[PDB]
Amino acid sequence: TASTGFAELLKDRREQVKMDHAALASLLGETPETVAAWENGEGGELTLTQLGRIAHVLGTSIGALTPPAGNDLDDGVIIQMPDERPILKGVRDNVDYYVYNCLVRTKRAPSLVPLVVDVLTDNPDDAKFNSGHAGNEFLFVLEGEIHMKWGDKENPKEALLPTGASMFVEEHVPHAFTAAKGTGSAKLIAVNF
């Protein structure tokens, strides 16, 4: 399938830039008999570095030469039940500070990463700024109060987000947060898209 996608896209690119199995095979340094096979679905074992070259000689990226993520939907929908949520914990010196509960995700939209974040630290100073995402983010406060921080990791703007507050964080905009001072814990839904 990844092999079949490569086959169709290799052939198409080869054709759009006017190269016969001969030229491509030469330019790359293989036997026309080889490229032929690649286009016959036999690319399976080619390596990431080999694909690197093949894409070069064709003035393109490996991405243009490989099939799209795929379709994991059922009539346009995909459902995640709470009992099948993957869980990861942000621990520090063996103590939970955050727990990320991963919600439904789909290959038909890879930028979509929805999480339920349980914040187990109510000390604003424990907030550790993270560079910034390569995509926008939607936030929603489920429980407690959230002390949000954003901007210059050194000199940052602050906000006290009570339950029910919603926020929008532009991509590449650095941010960090804990639960409001002395309130114990908080809960927010974060949707990176």
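Positions refer to the first chain, counted from 1. Definition used throughout: the rigid core is the maximal C-alpha set that superposes within 1.5 Å between two forms. Residues that one form lacks are left out of the comparison. What changes on going to the form deposited in another entry:
- Put simply, after the core is superposed between these two forms, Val91 is the one residue in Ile87, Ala109, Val104, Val91 with a Cα shift of at least 2 angstroms.
- Once the core is fitted, the segment that moves between these two forms, counting only runs of three or more residues with each CA displaced by at least 2 angstroms, is 90-97 alone.
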The other form holds:
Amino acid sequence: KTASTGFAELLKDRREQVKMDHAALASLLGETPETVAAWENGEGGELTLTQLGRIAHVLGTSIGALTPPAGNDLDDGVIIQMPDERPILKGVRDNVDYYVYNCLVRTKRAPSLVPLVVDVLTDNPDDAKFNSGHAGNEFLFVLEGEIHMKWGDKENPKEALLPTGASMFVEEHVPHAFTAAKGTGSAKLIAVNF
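Next, give the form deposited in another entry, keeping in mind that what was shown is the form deposited in one PDB entry.
Nothing else is written out below except the one chain.
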């Protein structure tokens, strides 16, 4: 469902839910009731983020409650990604390169799923650059090499040496960092955020 069509349906649902007619809602938004009826006819495409915020406010809810879900990009419940159509971004932490991300398949039907194959380019644990923690949990598996993992308080972190084949779970918001085991050059991880 497109933005304006989904909005049109949800706006009407919410308005009816709080027992308001077009007139009542219009009176709260500096518009005519005809303009409100138009939005419910799919003509709200040009409403600004600020205006949507006001619409959600007077209707006592959130913009999210008035907009459609991400959508369906599946083929009868499945979506596949071939190896060479894999995205690749440079993870630089502290003005120096840390990670080379190879993006795996993603889907609007499960937006939190962000799987990646990460090449860890540094092998100096003291170079470990902590992130702030992720929304969502994360499963990891050491694909190649040896990983020196750190987590928790960046000033007094927990640490573990993970050989190839090892797997780990890191809870949402837990800060963590990764590097190849001291002097081992480089390692590879498959990281699955979910």
